[PDB]
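Enquirer: Here's the letter readout for the chains.
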Amino acid sequence: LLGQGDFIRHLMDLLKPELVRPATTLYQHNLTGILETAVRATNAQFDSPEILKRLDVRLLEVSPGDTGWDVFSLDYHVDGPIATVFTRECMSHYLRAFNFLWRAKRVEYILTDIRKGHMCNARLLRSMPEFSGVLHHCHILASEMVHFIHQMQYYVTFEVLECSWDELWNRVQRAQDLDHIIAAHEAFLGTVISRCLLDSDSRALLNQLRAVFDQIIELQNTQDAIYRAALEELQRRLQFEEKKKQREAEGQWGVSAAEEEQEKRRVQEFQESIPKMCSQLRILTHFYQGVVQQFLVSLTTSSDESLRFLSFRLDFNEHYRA
Amino acid sequence: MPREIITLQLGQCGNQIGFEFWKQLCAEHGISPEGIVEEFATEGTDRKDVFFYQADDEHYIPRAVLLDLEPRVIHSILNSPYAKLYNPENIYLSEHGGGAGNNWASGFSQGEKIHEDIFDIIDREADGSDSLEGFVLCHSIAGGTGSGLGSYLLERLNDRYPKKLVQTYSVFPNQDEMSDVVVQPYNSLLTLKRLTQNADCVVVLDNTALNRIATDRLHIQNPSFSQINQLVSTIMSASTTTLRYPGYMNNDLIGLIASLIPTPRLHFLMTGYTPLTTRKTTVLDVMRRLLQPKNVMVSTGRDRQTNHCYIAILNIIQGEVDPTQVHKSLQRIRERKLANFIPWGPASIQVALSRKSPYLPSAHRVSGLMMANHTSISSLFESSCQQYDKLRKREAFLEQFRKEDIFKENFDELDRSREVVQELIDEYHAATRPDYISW
Amino acid sequence: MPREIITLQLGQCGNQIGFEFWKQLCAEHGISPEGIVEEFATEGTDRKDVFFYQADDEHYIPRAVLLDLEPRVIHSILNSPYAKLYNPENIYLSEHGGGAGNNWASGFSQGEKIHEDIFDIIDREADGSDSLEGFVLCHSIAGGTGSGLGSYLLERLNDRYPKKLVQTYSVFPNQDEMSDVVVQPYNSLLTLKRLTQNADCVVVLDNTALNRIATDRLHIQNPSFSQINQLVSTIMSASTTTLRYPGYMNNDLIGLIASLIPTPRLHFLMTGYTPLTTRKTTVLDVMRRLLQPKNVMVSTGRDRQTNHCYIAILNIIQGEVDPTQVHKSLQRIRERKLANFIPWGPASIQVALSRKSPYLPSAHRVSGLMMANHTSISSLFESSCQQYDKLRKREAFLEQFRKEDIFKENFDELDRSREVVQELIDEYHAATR
Amino acid sequence: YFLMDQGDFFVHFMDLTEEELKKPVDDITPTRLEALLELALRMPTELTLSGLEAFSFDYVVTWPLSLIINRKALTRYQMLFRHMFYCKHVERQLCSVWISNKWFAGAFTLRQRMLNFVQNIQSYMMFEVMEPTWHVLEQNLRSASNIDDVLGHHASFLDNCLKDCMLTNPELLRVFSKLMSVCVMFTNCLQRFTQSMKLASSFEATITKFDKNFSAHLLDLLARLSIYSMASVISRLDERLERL
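Chains as they are written, first to last, in the UniProt record's numbering: chain A, 570 to 891; chain B, 1 to 278, 286 to 446; chain C, 1 to 278, 286 to 440; chain D, 519 to 561, 605 to 663, 675 to 770, 817 to 847, 855 to 863, 870 to 875.
Incorrect hints may have been included.
As the list claims (entries may be wrong) - Part of the chain B face toward chain D, derived, beta carbon under 10 Å:
#1 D292
#2 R343
#3 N347
Note that these hints are calculated values from the structure, not bench results. A virtual CB, placed ideally from N, CA and C, is assigned to each residue, including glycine.
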């Protein structure tokens with residue numbers, strides 16, 4: 570249930586270099602070593618070795634030849650009189666929920682990395698305010714979406730985790746005998762995520778959820794485009810200074826400045842790309858707004874007053890409502 | 001990997017408060033004053049591999065370094081029985097006398113002189129760890145020594161390692177009184193400009209409201225710097241509490257700061273903590296009291312005609328609570344409309360549930376620490392800027408900055424700092440309005 | 001949400017009254033003299049925060065601000081076991097030395113100097129409140145320092161928030177003993193002008209009746225100010241019972257106040273207390296005693312110029328009483344016509360039964376306090392007005408104001424006040440017609 | 519709450535509810551209702610009338626508790642609570658509009685008269701009905717042990733309160749409702765005119827018209843009380872101390 574955090578954080582940290590590779594190019598041989606070395610790295614090493622041996626990483630076919638982010642999975646095999654329950658039917662739901670939360674956490678870390686990149690780059694674009702304006706709009710839309718995803722994911726985390734664990738614990742603790750233990754435990758644990766969190770409506774909303782997730786990848790691509798643009802301006806400045814060297818190159822710097830009289834055409838070209846970048850950012854911003862509002866209306870009309878309350882947490886100060 | 005944070009104790013006050021913080025951490029983790037594990041320190045769940053590095057003999061040696069331009073405070077800290085907590089490699093003895101005279105220029109120049117004598121230590125402490133989340137710098141902007149030293153070191157670290165979280169604990173001098181160092185506002189302004197240029201998330205620490213709470217909420221006729229440091233160390237150590245619970249959420253400082261900061265220039269966060277004492288409470292009481300302008304440690308000026316929007320509101324709640332309580336408390340506060348948000352980018356009031364350490368003696372059910380990105384602090388900045396402006400109008404005590412030729416050659420550094428601060432304040436003013444997208 | 005009021009203790013007399021009432025409130029709520037909750041005296045199901053704010057550790061820090069140019073009174077009040085109840089930053093300290101020295105002009109002018117400071121402090125206190133229902137002020141119109149200070153403060157407050165209720169408790173001068181201040185009638189008239197033109201509600205607190213009752217009605221030869229203050233604090237504690245202890249209806253101060261004031265000019269109210277404190288008990292007899300000018304704390308005579316009739320009367324009852332005795336007392340009194348009504352009498356004596364606090368020693372199953380509006384108080388104004396007129400016709404005691412610049416150009420304001428008060432009196436005489 | 523032993527909740531309930539009670543149902547936010555409810559704890606067809614609201618309250622019972630209190634009793638409690646809600650909101654509407662400072677507008681007597689009338693009605697009705705009826709029901713239950721007799725006691729108390737209160741005359745018929753309606757219209761028009769002025819001849823003409831309507835309704839209600847209900858309220862009443 571991703572309670573560890575640092576375990577999962579470092580897990581996806583190490584999986585980033587791998588799951589980027591095509592699913593075909595992967596090897597569970599190295600994946601198991603990654604798993605075990607991460608567990609030895611994290612606090613899970615301080616827990617019981619029996620549960621540790623109960624864990625296991627698997628390569629769960631999800632995409633034919635796509636990134637390995639999709640096909641990675643954990644199995645946590647438990648068999649025999651040990652956990653006779655779950656009938657290998659509840660563990661399927663557990664695996665599905667694991668995939669769901671895995672995608673959610675991955676896109677969260679994506680957002681965090683993008684904001685880290687923004688903060689790193691900002692101290693480098695303070696000499697070029699023309700790119701600063703578009704970085705302003707970029708950051709504003711990025712923060713918008715990042716706050717929205719953070720809020721929704723934290724809300725669902727609190728809801729699902731608290732309800733599930735609290736009810737299971739209390740019911741099993743209060744249940745006098747095994748028949749009730751097994752029945753109530755398994756039924757509640759299955760029902761919380763099977764139907765309450767999954768239905769035709771659930772997948773319909775998951776549609777726009779994954780849409781805005783890919784919006785995240787799109788914005789990362791735009792970020793890297795602007796980052797290569799920033800590198801281009803940086804190298805422009807660097808060659809400026811390197812050819813100048815304060816007139817100790819003298820004739821070299823003279824001809825360098827004579828040429829950069831022409832190269833200022835390149836600065837003007839970047840300036841002209843600036844409105845192109847602004848337009849392509851604004852169009853993505855508008856599409857993200859539209860899909861967000863469609864998702865909001867959809868879920869608000871759909872069901873589960875709790876998630877509507879989460880939405881009002883999201884829509885605090887009334888920016889939605891068409 | 002568990003990212004660490006390196007502590008930078010600067011100036012007399014910064015070193016004092018850093019020691020207070022480190023002792024608070026030691027108390028929380030339940031370790032001996034020597035840094036050896038206890039029978040009630042390692043059997044819990046608190047992750048002590050975030051601020052202390054585990055040794056080969058169960059020594060959680062702090063990830064902190066002691067720097068000063070006068071060795072007397074260093075000797076006093078050594079006299080503490082918590083000198084055994086730290087390694088001597090973790091400690092640098094001042095080779096300067098009398099600090100820097102509480103001058104920004106003097107501290108900056110001396111930090112320039114000790115460039116590598118600190119760089120070696122910092123690189124050793126860095127490469128001794130696998131991965132670092134960032135830096136934490138305890139300092140006092142009032143002390144010109146630490147102010148200049150911190151400005152120099154922030155410049156150096158930002159240049160050399162542009163890959164860590166830059167956090168500083170900036171002691172804001174009292175606005176309740178004027179100190180003998182009348183050039184203190186310029187020093188602070190220079191430091192503030194550095195923060196604007198360098199820092200990424202500022203937890204403001206005003207001494208005026210600290211004095212106020214001490215007189216009222218600690219009930220002392222004349223608060224002492226030591227008890228103030230004690231209380232502030234307590235309140236600030238409460239912050240990292242979520243970082244010590246790896247059971248709910250990723251809860252990484254980089255992400256937590258990023259969840260609220262809109263711009264690397266607008267990176268200034270308020271403080272406010274409950275309970276304050278020298286009984287019975289529910290969730291709704293927590294934020295209900297936090298909304299009151301009585302438990303804030305950051306004060307503003309006399310402004311009441313300019314609306315101020317809480318840009319971001321977050322609260323860490325340490326104690327045993329129920330999810331229904333939080334779910335209803337949020338909705339209830341929102342419906343009561345005790346807060347505001349930017350109209351164009353409207354946000355919500357984030358909550359962080361966490362549970363108390365068993366080795367922390369608990370006498371209360373809940374404990375709340377607020378983190379607010381808000382506009383009132385501009386007034387304080389204005390309070391400083393005006394204090395600067397009139398001083399710059401008086402052109403007094405500039406011989407202090409003519410001692411160091413860097414400022415004797417030109418005082419334009421002060422002018423640029425003032426301009427940057429004014430730009431930031433106008434940025435805040437614009438953020439108060441929906442047109443901020445255009446700005 | 002509950003509505004609270006900021007307490008305003010002005011002048012030496014006002015500060016003493018405020019301290020006594022704070023002590024009485026502390027007793028009523030069962031809180032520690034440090035304001036911390038008790039494990040033995042704070043467990044009741046009620047609201048102990050109506051003029052306070054509870055702390056995290058359950059300190060009911062009071063809504064207390066004390067303004068007196070005499071720093072000795074402030075220092076003495078600080079020297080108390082209850083200094084741990086108040087908020088130190090909620091009390092300003094005067095650094096003017098002796099202050100106005102009981103002069104209306106001096107206090108009124110000096111209130112202008114800290115005008116911004118006092119507004120700042122009141123706004124800071126109000127900001128913490130979620131729903132500040134209004135302002136409450138205790139002072140003495142006789143104390144010239146306090147008199148001028150309160151005049152300036154009422155003006156500034158009416159300027160500041162017209163939206164808050166203006167309730168005042170004015171300590172009227174003792175008429176049993178003429179004050180040593182000769183311009184005291186002038187000060188009282190100026191204060192009454194400010195009350196009439198700014199104060200939404202005025203409850204009469206006559207030191208004459210207080211003195212007579214203490215010397216005589218409490219079987220103690222002592223007219224001592226301390227005993228007077230103790231009895232006054234008892235009266236005020238009786239006043240706030242239905243507010244502090246949750247009743248059924250009129251649990252709002254607005255509903256209480258608005259029932260007795262029909263005009264934005266007639267805001268002068270009288271009070272009585274029952275039982276008087278040094286066989287069987289009946290509801291009717293307690294208020295029948297309250298109907299006699301012996302246990303009434305307002306020294307107002309019963310001279311006849313116009314018919315003096317109680318416009319509306321409310322009685323607060325402490326302790327349990329069956330409503331049947333209430334209603335029968337009402338009917339019997341109305342047959343007796345013990346309360347005269349205006350030619351279109353719109354209301355009788357409305358009863359208010361309140362639950363008694365178990366944290367106090369139960370010594371009165373029946374205790375009641377009188378609330379009414381009755382034009383005879385205009386006589387005391389006239390008693391002062393004739394005092395003013397004789398003071399005015401002396402052509403004396405204006406050199407004190409001439410030394411200052413508040414009254415060194417024209418004393419016409421003194422006349423305008425006397426006019427407005429006269430109008431008020433006439434209106435009182437016109438009410439019954 | 520049902521018999522109104524907590525008005526501190528009621529005050530902010532009232533501050534919040536008329537933001538929506540002016541609007542049709544299903545066009546509002548029910549959630550806010552409970553959002554305020556949780557706040558509070560911080561501090605045949607003629608036998609049902611046609612003026613009932615779709616819903617304005619919520620409370621639930623349990624299986625053992627349901628064994629005793631039926632839905633009909635809950636509906637009667639809800640109806641009485643709605644009556645009190647009406648009275649109280651009219652009352653504090655008048656209270657709010659009352660605030661003023663410092675001539676030719678007049679009408680102070682009209683508002684004071686109507687305020688005193690409604691205050692007296694509220695107090696007398698609530699005291700007379702709930703206090704002794706509730707206490708006697710308590711005593712009967714404490715003296716009884718037959719569960720069927722317990723149910724009889726509760727039914728008798730509920731029926732008696734039904735025969736009292738607003739439906740002390742089930743064929744009044746809600747003439748006091750017309751009185752309060754015209755009263756609230758007067759309050760609204762007064763606020764309109766005050767907000768406008770912050817002609818006056820028309821203001822005084824409307825004042826006279828509203829006084830005439832109020833007097834007519836008052837006379838009708840006094841006649842209905844005098845004919846038969855109970856004049857004990859009329860006993861309190863003696870606008871005018873006297874009759875026509």
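Enquirer: Classify the hint on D292 (chain B) as holds or violated, based on whether any CB of chain D lies nearer than 10 Å to its CB.
Expert: holds (8 Å)
Enquirer: Should the interface hint for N347 (chain B) be scored as holding, given a Cβ-Cβ cut-off of 10 Å against chain D?
Expert: At 18 Å from the nearest chain D Cβ, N347 (chain B) fails the 10 Å test, so the hint is violated.
Enquirer: Does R343 (chain B) pass the interface check with chain D, least Cβ-Cβ distance below 10 Å?
Expert: For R343 (chain B), the interface hint holds, since the closest Cβ of chain D sits about 7 Å away, which is under 10 Å.
Of the hints listed earlier, the one the structure fails to meet is number 3.
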